[PDB]
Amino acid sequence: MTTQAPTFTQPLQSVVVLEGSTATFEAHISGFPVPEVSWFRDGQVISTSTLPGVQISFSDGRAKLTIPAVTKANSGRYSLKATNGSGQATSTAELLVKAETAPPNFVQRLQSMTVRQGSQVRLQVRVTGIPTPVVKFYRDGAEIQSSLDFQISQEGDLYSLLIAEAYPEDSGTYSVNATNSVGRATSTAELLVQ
């Protein structure tokens, strides 16, 4: 058939993607012989090293560039160049990444418990959210103060309140408050010591 310079039968479409979501640029390229295809970002070629995790493919005249977990550092101008003996074509689009947010959420909540005097007690919670939540523990509404008796500890999203030796004076309503720019969540439990 006829030799033909590269042409985009379907151009790249600019896209606004949510952080962490998958982003996909796709285009349909025609031409004969089949053109050589190459992707670029701000005037520089894209590859698995330039943009790790990037999946690039070109089959059945369909060129696709997929970024699994999109980051804010990926937005910008992306372009696709197609070339053969008859000429060269380029299609450029912009990637806009929208900041992701989630209110504080208790994956693991506080649980009420009744124990006998002198028992070692641990109250835990696991909290998630974006931005990272600020977590504080309360006993009957007053912020718990760290000591050998009451111990607040954190490891990632897991917060714990350890009462090494629980006595009747420690009974009460225990709660945890978690906040971030998009919301506030609270968890409450009853601790009873005989």
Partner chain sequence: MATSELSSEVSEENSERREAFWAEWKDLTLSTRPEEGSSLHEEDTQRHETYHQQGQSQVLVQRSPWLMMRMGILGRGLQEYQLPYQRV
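Residue numbers count along the first chain shown, from 1. Compared with the form solved in complex with the partner chain:
- Looking at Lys98, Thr132, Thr173, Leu162, the entry at the hinge of the rigid-part motion between the two forms is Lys98, while the rest lie more than 12 positions from any hinge.
- Treated as two rigid bodies, the chain shows a rotation of the smaller part against the larger of 42° between the two forms, based on C-alpha superposition.
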Given for the second form:
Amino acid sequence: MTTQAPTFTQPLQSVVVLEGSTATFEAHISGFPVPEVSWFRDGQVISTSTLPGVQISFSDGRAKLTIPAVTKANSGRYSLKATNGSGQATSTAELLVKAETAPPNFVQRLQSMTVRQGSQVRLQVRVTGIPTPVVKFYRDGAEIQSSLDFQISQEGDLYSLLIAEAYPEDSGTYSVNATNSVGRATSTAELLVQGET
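Can you switch from the form solved without the partner chain and show the form solved in complex with the partner chain instead?
Since only the chain itself is given, any partners or molecules it might have are not part of what comes next.
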């Protein structure tokens, strides 16, 4: 009833999301006759041939583009273009896709223990991280190379160091250090091997 050029009642808004989750750009639009509407990535037109699974809708003045499962490669600038006989209107926002990461954590900590000469001894931790943390064992400050002498072995996310038979020379301060690209952690405990009585 009033020939009016297209105008964004509310522009697109950039969004940060978790790789693997859904992302949605939303905008509200006005105009008359009602605008033709269309979407772009980095200047390129968007179709189900460029972005399989995309859900696009445009009704009641509200235009929506949704990506059910976003990948890293989807990052870029997104534009909604609205056209009509009296003019034209564009809105651009970014999509930033972040990968899962978590710093090393000890869900189960090394634990100080007292034992008898000639006992089998197991020091074990349970470590979580993303990416998977590199883990090392130490005694009195020096790193342990798994070997007959101290068998280090992983079983799921549970790491353990077996002392086949323990002797006083083995008493000391042990510790495990877990690191990855986003953080580090250390769990230290003590082992006391009792002597002859």
